[PDB]
Amino acid sequence: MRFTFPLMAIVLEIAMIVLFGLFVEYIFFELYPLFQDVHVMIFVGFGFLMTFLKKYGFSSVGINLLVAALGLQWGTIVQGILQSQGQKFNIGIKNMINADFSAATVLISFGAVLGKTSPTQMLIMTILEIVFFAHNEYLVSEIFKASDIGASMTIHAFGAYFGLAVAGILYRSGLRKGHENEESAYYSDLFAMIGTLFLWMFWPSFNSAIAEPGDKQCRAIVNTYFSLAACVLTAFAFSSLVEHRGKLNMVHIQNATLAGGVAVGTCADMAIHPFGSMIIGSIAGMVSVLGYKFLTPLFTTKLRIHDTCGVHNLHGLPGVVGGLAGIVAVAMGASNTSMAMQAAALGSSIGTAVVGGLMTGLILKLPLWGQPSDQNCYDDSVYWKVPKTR
Amino acid sequence: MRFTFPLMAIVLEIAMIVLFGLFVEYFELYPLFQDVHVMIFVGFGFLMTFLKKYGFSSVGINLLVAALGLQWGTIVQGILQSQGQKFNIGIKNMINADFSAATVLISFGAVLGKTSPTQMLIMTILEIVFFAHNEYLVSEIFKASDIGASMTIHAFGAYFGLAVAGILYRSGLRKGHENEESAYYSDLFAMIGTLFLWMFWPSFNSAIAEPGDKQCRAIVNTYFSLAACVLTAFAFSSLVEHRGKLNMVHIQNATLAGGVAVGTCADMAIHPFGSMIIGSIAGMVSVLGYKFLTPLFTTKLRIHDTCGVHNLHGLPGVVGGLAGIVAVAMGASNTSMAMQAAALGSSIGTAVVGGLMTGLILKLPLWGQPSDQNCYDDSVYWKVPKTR
Amino acid sequence: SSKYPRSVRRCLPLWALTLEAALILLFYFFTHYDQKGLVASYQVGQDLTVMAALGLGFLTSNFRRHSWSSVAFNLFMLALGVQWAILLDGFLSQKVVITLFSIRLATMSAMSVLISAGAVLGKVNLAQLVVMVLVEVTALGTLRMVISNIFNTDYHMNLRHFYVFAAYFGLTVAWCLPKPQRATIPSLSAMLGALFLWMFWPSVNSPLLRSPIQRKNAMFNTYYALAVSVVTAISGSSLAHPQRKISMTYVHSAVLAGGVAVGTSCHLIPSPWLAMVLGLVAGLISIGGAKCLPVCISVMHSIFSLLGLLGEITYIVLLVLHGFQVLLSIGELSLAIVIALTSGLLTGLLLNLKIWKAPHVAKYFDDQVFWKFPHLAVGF
Amino acid sequence: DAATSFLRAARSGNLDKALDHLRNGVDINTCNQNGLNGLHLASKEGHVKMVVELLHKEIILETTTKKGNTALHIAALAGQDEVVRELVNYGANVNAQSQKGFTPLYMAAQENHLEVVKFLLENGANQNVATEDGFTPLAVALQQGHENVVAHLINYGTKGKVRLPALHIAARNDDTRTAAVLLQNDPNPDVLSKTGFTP
Amino acid sequence: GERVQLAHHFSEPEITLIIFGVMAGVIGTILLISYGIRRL
Ligand SMILES: CC(C)CCC[C@@H](C)[C@H]1CC[C@H]2[C@@H]3CC=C4C[C@@H](O)CC[C@]4(C)[C@H]3CC[C@]12C
Ligand SMILES: CC(C)CCC[C@@H](C)[C@H]1CC[C@H]2[C@@H]3CC=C4C[C@@H](O)CC[C@]4(C)[C@H]3CC[C@]12C
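Going line by line, the protein sequences match chains Q, L, K, A and D.
Here the first sequence stands for residues 1 to 26, 46 to 409, numbered as in the entry's author numbering.
Here the second sequence stands for residues 1 to 26, 48 to 409, numbered as in the entry's author numbering.
Here the third sequence stands for residues 2 to 35, 41 to 100, 105 to 190, 200 to 315, 325 to 350, 360 to 417, numbered as in the entry's author numbering.
Here the fourth sequence stands for residues 11 to 209, numbered as in the entry's author numbering.
Here the fifth sequence stands for residues 78 to 117, numbered as in the entry's author numbering.
Chain Q on its own, in the form it takes in the complex:
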């Protein structure tokens, strides 16, 4: 039915309006530029990073916008309920920042199933994944009390593992050997470079938005900046290394350059030192390039898990490097946090993502949301009016 998506979107919007009317009431202006940088990241960088597909740019950017717009509201509601324990709560800049963080997690999960899902499935996945992510984040922040100010474990690894879990459940045999529409274009890769550059530039604000003002926020900014700087060089070097005749791969340049920002999040506020941050970025870039070169084909062909954007090598493996760095940092005195609490936070994030992903994918597996056929995957014509000319 063609009326399923508008009806579900209207019902969800009405539910959001009712919840805001029932539970939502009215440092802000100091952190507002950081919130704006995070907002630009979430809506432009992630939106256009997935526009590398030649026949799926419209769907990628539009579903990114719609998913993030629903996600900020639903994440605001769920996070405010969790923090207020069911009571009314006020809205500040931090609520909006955490809403953008929830939208980031949902977009990271969406990057795994790009080109194989319908907008209705994306609305349902956003609704379920926000609840799972917010519960996991509340667990990590309050019960474990671990330091994840950049959210390498609670956002990146969680969204990556939740997305892989939906993608394995939604796995299609016809797409394991490849697809004709699953291909990049010159201008599509240029738009992907727009998104990559925006994410890369505004990542320090992403890692320092909710940091404690003073030493911790500046440490997060500096560590993210230099980690990204080292990550770009290592990603370029290993992209040249793993390809024939030293050719640079556009996927590697578009994705692996953000691995340093992903993996420095846990140790952002910690006093690792700029050198410690540049060592993590150099490794995160190496791991991301090696993942894109080798692990993504092994996952697609052998594990029946297909990652369209390779969000695993960008968020999960760098997220596990980020969680692992934080345990090592506590061991080395960077943070007064507990090593066992950090390990428990990483394990809980991974486990909750995989349990939430499998159950969201089981819900999405029902043939009720207008899922595209195998021949029509990675095509804008399924849901959009495509212009005749490119």
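Worth flagging that the hints you see were computed from the coordinates, not collected in a lab.
Watch out, some of these pointers could steer you wrong.
No more than 16 Å apart at the CA atoms, straight line, and that leaves these computed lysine to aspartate or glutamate pairs for EDC-like [to be verified]:
(1) L/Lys407 <-> Q/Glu199
(2) Q/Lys196 <-> Q/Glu49
(3) K/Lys42 <-> L/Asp234
(4) K/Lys4 <-> A/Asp143
(5) K/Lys409 <-> L/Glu231
(6) L/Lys196 <-> A/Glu157
(7) L/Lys407 <-> Q/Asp393
(8) L/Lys407 <-> Q/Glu202
(9) K/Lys400 <-> A/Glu125
(10) L/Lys404 <-> Q/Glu202
(11) K/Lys394 <-> A/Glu55
(12) K/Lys400 <-> A/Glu157
(13) L/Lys113 <-> L/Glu231
(14) K/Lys409 <-> L/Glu262
Starting from the structure of chain Q, add chains L, K, A and D with the ligands where the hints point.
Only chains L, K, A and D with the ligands this time, still in chain Q's reference frame:
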């Protein structure tokens, strides 16, 4: 050898890590730094994407060069300021690192489409040292006022790139190249970069300005100089072309000439109308340069400027330096006229000498330089998709 | 009549240089210069400039062969409009002291003209756009001055009607023009522009509020209403389409429906659920207009005008809760509409003059008229 | 000064003033500083009656401007379909090349003048003729995004001259003036159609 | 106005707008009534 570029990049990254571990220790100006960052990585990155078959290489090498450049400039500038001792990192260190990256990208714009990534790494490493030494000279020995860095950044990078291109001159590319051509969507991406640079230029000229009157003066002067520069660039682009046709290169480049030439007089009390006059003259000079001087440099002087960075940074940079000299003569600032002239001359001379040495180093056939037939082509270093 | 464009090598450069020289002379004769929150105050104006250039230049770049002209002419119009609006607002609110706040106000005045130009882009050249910029800035300043003189309001606070003024002015100018399409990459560029406009529209919803509390509440309401409007617009694009698909061009205009609806009353909204309701109503009204207005030239500009009128109406409704007040507000709205229509008619009459060398009706929406391309025969 | 007035009348469509100047003794083949004669100015502005009257006055049809453009080149670039038809009916060379190698078909294709492209292709214009830069009407139509021109050029291909020779058309309509102009240009009266019949 | 005038609850623009609105309503009612006749 195909392993030269990754090995050199890894060695440079390890050297940067060691230097940061040896010499580097630990919010009002952070938005200005973010605006400068967006300029350096998006505007300069996509301004050079006008080539139809070199967008990938332009944006990727811009990103890589600037990422290495911020680290190496941080190291060198901190060493120069601390006289070899350990130094702390603030927002100003990152801003100056982005400034060094800007200078290196300005130089890279001259040799776009004719160089390898290894050559760009080497050029970044050498040019940062030269630029930082010249900037330290201007700031400490001459003590000239160049808060917008029309001389220390724009003119320096432009003449550095011109010298490098002159050493790396190719006889076969003097008459033109088939790949050296623009495209409709490539020019649209170049417009993205042009608009981002134009919008965030006031923060570029006011990032390191003294808070209070000077920073606001820099913002206002850059804003109105750019506003006048756009109109003059459009008018002269219509004037110099047949039947009043607008040239996309002129609109993409000459609209930033007012921002380039107002940098020296940004913090000075030159007044909004003076800033507008400076921007108008800069736009006129940039359009005239792109129309006439670039063919002269390419054909007669054997200096090939791919992006025409001379008409955008060097001539507007010299205009800005002379404007600073005149404003000193007019009493706008208490700086010394002789110090400003010495700063301009030292910037030009150091840029020329450093470009000579760097181009001589890059001239060695060891960095995988492209052939004449493969210039301005992404297929030399990138996996180009089959479809556009 | 010859379909080949006439030479503008002597009209456009002379016109632009004369305008710039006049602006420089007026700035010299009538402008003068002049702390803790200099960067904070500059950020709002920077957001307005980013919107006015990027979003308003690329949003209209969705045309297949008219993206160059859209982007570059938007930049040129912004550059001229800010400079002329500084002088006009200084003249009509009195020398002119140039501050960041005055730059912000001139940026809003130029944004009005940039919004209006979206209904006429692809059918006019640069000189006609210069004339439209000058006349529209002058008309908006005159409207603000008349409202301040009659209703005892503030000249700088009368800029809230700029949505409806820009929309009706653009429609009126497009109506007077002679009577006369999409591609994937221009559509993606327009999506980038629309995304930037949508993200930074809370800044333009509170540049005129002085107290921080009102600005914070306005930003909250604009953010939530914009999110609701985006969800509703992306949802309902399939309903208002014969092909039962989502129209990217419709989304580009309907992302901003909630921000337009709550723009005039974002400070009066006491709770975010009311802003979300207004955004949902704005999205549904956008769907209805997209499904009905083409039946009874620019559809996006028409639905923008309808959204601006709806925002004014909901401001009227909300102002009573927080007889003669309604009459004053309705009279102000009617005066704004009448002045916008009259100025649009005057601008359209001036734009039909043969001296501007307007492009032929068969050459509309083409960059070949105004831009140089290789391998083309030039002249006769 | 009289020649300047005649050229201005030709440009403005004032046929009476041009005829008066020709009666006074103004040279028919006079031209401005750009080489555009009265025929070129009439073809640029779509004055069909002026073109017919000047052709009846034994004007040189194959005159070229300083850019090498004939009257047909100017009419094709300006998009004057009626003027293009009238010039072709009077014997204009549809395959004439300018200084840089441009053809009337190329000029019609680069300006999205689909009707002129159709008429020239039906009248024997060769789209395989390239300029000095190697570009073709198909190539320039692809470059400028003129999709209809590209489609028509691809579909037509090399169908060739489907129209009758101009002398046959003049003989069909009993047009003595057009036939006289054609025989002044081409002295041969026994031109053969595709069927093999003389006019 | 001029000299001293009696204060009213409705100002002159307000009262003239009210009068014009009442007149427009009466005109619309009369037009609707006339449209109703000559049809049934
Ligand atoms: C930066 C500019 C303005 C001034 C300095 C110019 C210098 C550095 C450059 C520009 C032009 C260059 C020359 C251009 C052409 C040739 C011929 C070639 O077979 C050998 C190198 C040689 C001889 C170059 C030497 C260096 C050169 C002179
Ligand atoms: C390439 C160079 C030489 C050309 C540009 C220099 C001239 C045109 C510019 C640059 C310096 C400028 C001056 C700088 C400072 C002042 C003081 C101010 O209170 C009035 C304007 C005035 C007097 C400016 C007028 C214009 C000016 C003289």
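Outcome of the hint check:
{"no.": "1", "hint": "L/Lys407 <-> Q/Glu199", "in the structure": "holds (12 Å)"}
{"no.": "2", "hint": "Q/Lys196 <-> Q/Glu49", "in the structure": "violated (51 Å)"}
{"no.": "3", "hint": "K/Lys42 <-> L/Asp234", "in the structure": "holds (11 Å)"}
{"no.": "4", "hint": "K/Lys4 <-> A/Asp143", "in the structure": "violated (25 Å)"}
{"no.": "5", "hint": "K/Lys409 <-> L/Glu231", "in the structure": "violated (44 Å)"}
{"no.": "6", "hint": "L/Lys196 <-> A/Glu157", "in the structure": "violated (33 Å)"}
{"no.": "7", "hint": "L/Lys407 <-> Q/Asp393", "in the structure": "violated (23 Å)"}
{"no.": "8", "hint": "L/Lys407 <-> Q/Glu202", "in the structure": "holds (9 Å)"}
{"no.": "9", "hint": "K/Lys400 <-> A/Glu125", "in the structure": "holds (15 Å)"}
{"no.": "10", "hint": "L/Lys404 <-> Q/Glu202", "in the structure": "holds (12 Å)"}
{"no.": "11", "hint": "K/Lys394 <-> A/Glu55", "in the structure": "holds (15 Å)"}
{"no.": "12", "hint": "K/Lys400 <-> A/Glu157", "in the structure": "holds (14 Å)"}
{"no.": "13", "hint": "L/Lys113 <-> L/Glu231", "in the structure": "holds (12 Å)"}
{"no.": "14", "hint": "K/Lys409 <-> L/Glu262", "in the structure": "holds (8 Å)"}
The earlier numbered hints that this structure contradicts are 2, 4, 5, 6, 7.
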